[PDB]
Amino acid sequence: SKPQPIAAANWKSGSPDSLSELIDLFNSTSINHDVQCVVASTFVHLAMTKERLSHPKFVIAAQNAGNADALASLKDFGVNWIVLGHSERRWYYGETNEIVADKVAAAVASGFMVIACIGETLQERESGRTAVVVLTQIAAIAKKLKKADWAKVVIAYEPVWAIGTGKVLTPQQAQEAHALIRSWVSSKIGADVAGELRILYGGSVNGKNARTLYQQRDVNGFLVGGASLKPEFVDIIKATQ
Amino acid sequence: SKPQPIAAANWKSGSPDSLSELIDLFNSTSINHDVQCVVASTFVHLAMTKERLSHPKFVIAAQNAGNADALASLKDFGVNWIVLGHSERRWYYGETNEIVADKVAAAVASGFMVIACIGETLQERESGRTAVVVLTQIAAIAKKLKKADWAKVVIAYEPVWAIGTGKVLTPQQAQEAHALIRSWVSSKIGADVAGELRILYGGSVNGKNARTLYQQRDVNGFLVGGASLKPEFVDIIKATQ
Amino acid sequence: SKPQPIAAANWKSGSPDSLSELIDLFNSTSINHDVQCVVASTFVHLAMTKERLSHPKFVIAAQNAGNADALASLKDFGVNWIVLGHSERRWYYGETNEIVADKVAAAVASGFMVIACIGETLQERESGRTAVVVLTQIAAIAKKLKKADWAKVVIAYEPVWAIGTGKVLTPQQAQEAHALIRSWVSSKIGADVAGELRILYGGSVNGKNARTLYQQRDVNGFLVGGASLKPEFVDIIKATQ
Ligand SMILES: [Cl-]
Ligand SMILES: [Cl-]
Ligand SMILES: [Cl-]
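Protein chains in written order, with the authors' numbering: chain C, 2 to 13, 15 to 72, 80 to 250; chain B, 2 to 13, 15 to 72, 80 to 250; chain A, 2 to 13, 15 to 72, 80 to 250.
Just so you know, not all the hints are guaranteed correct.
Intra- or inter-copy, both count: the list cannot distinguish identical chains.
For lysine to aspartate or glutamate, the following EDC-like pairs were computed, each having C-alpha atoms within a straight-line distance of at most 16 angstroms [to be verified]:
#1 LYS152 to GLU97
#2 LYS3 to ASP36
#3 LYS176 to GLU107
#4 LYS59 to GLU205
#5 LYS3 to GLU205
#6 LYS3 to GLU53
#7 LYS155 to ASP201
#8 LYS13 to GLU97
In case anyone wonders, no lab produced these hints; they're calculated from the structure.
Can you build the whole structure from these sequences, using the hints too?
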């Protein structure tokens, strides 16, 4: 068995029109297994997904929160999930491992479910440094969490060089990264926490490659950017069965 | 998403014949979503529903308990759900807000799931006092509970003037009452409790009006009298999908 | 209505060949209700079930842990469920009620889900001593458990004389034994624990007798030896719906 999977859409563009039709598609889709679906977006789409996205298996999420005022206003707005630490926050805007970890801790304290992102750059991968970089990232997050807080955290493992580039990990490479992360959590945090933790893969997931990725033992679902703007996101949800 | 919905039948009359047949209908019906179905009754039906109602989605409930002796004997009989504060207990039998609150707290402490009923009269509605009356009712219940106890409480909001009269709230009216209650629970008890709380509507729910009521964001299912004595109760269950 | 059922395969014989095909059968079977399926085996099959058994409703289990070192190595190997107290461990290998009880508690402390077996011999049954024997067995287990531990325990009631002999309890007999056990747990441990406890039946369960056994109120599934080596195990899983 695995914990409950997550199928998360990450909307980083799109037309208003294109995306309320996607919400209507999601609302009309039959999902017959236990999966938590998530639609993360900016303020552009959140009033609409809060109101319009009716499917029982879906929740909405914010894509980021800059400060404590924003965390509190998003919660009061009705948002209970948030993505933190995503790719560009770290490498384009300069958030350190510790700033990401404090944001995760603050969000958990405020009552969010948090999708905390980790992942290595092209150079870190090719120079053999994936394990050291990614385990350093998650270690910083863990330093700010108490044992019981892990029930509110989800890890998204995303190679930076796979996000939006058409370069996806092979099933074996995804499984090796996720098994590494799982082993670190089990040793440092506990087998109980490791077995309940969702570790999602993201980085060019699409409806054709999702099933074989999901079949890997340590993959618990996906964080999906480009393919979540398209009807194939429904098949990515189906791939988590 | 919403918390787990409840479809609760409230059996206040009727032939043992037609009710074994109804139990057999329920037992044979396919329900393929997460919903807690409940059949509340008086002693007339409780031995039968305890033995005969076998559907995995169903539980039995007592329709009231007058005192601690009855609570204790119902629990030993095998009953783990109870309805308290229902319409007539308050306005015909004189149970005040405080009396109902003490009964709810006693039942929770004894291990029951409690469907605690609140709701305004025709005159209170028409004179603009719904909110003050209903929030005063739930505030009295909350006074006798600790935060943790809310995991064992369900609120049933039922306008007294809608019970048994064929006068149902419109979807919009139901949603405004439920959003009001939800807001109070969030502000006074906690956003965490508010997100998990089931707030059920009752008052002339039937198989034709249930779906558009359940589509409302703050409606988590139903307490159903007259229509729960008929086969259309299965369509009310289906309306919570 | 009932807690989550369990359909557990207890593999005590079978070829590599035969059993990998069975895992493939289980992997391709559609299971459309909430049930925890378990495949318990010795070391002969555990690397294979760990890797190959991919169905979301299945977990693997070990058949015995002889000491603390074995419990730790099994957990580190990835086994999270274990069968303890099974008939031959008691009557052939001499494990007393207390040895079994201490193993149950040690496995729970090590992070296992435990299927703890109890049951009477032919002579105990015929001489009228089933209740004293079986309740003495479970009282010994309970002495070594804290209340929170029961969430990690499953009871398997198996008449020793029914294991592997083709003699199965009738539905009424199984229900009386399970109602006896349930009444003891409710009175000595608590109604809350009793209502959540899975009490499985085992002893010559097969694809033809499983449904009427599962229809009994206090039966929560099965521990299956011979018939779990055959394709009819899938019909035993279906019988828990
Ligand atoms: Cl890169
Ligand atoms: Cl009225
Ligand atoms: Cl025997």
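Checked hints:
In this assembly of identical chains, the alpha carbons of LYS152 and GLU97 never lie at most 16 angstroms apart, being 22 angstroms within a copy and 47 angstroms across copies at closest. Proximity of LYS3 to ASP36 under the C-alpha cut-off of 16 angstroms is found in both arrangements, the shortest distances being 11 angstroms within a copy and 14 angstroms between copies. Taking the shortest Cα distances, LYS176 and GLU107 never come within 16 angstroms of each other, neither inside one copy (28 angstroms) nor across copies (58 angstroms). Proximity of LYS59 to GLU205 under the C-alpha cut-off of 16 angstroms is restricted to the inter-copy arrangement: shortest distance 15 angstroms between copies versus 19 angstroms within a copy.
When the C-alpha separation of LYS3 and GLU205 is checked against a cutoff of 16 angstroms, the pair qualifies only within one copy, where the shortest distance is 8 angstroms, while the shortest distance between copies is 22 angstroms. Taking the shortest alpha-carbon separations for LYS3 and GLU53, only the inter-copy value of 13 angstroms comes in at or below 16 angstroms, while the best intra-copy value is 31 angstroms. Taking the shortest Cα distances, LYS155 and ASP201 sit within 16 angstroms of each other inside one copy (14 angstroms), while across copies they are farther apart (18 angstroms). With identical chains, the CA atoms of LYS13 and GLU97 are at most 16 angstroms apart within one copy only, with a shortest distance of 12 angstroms there and 54 angstroms across copies.
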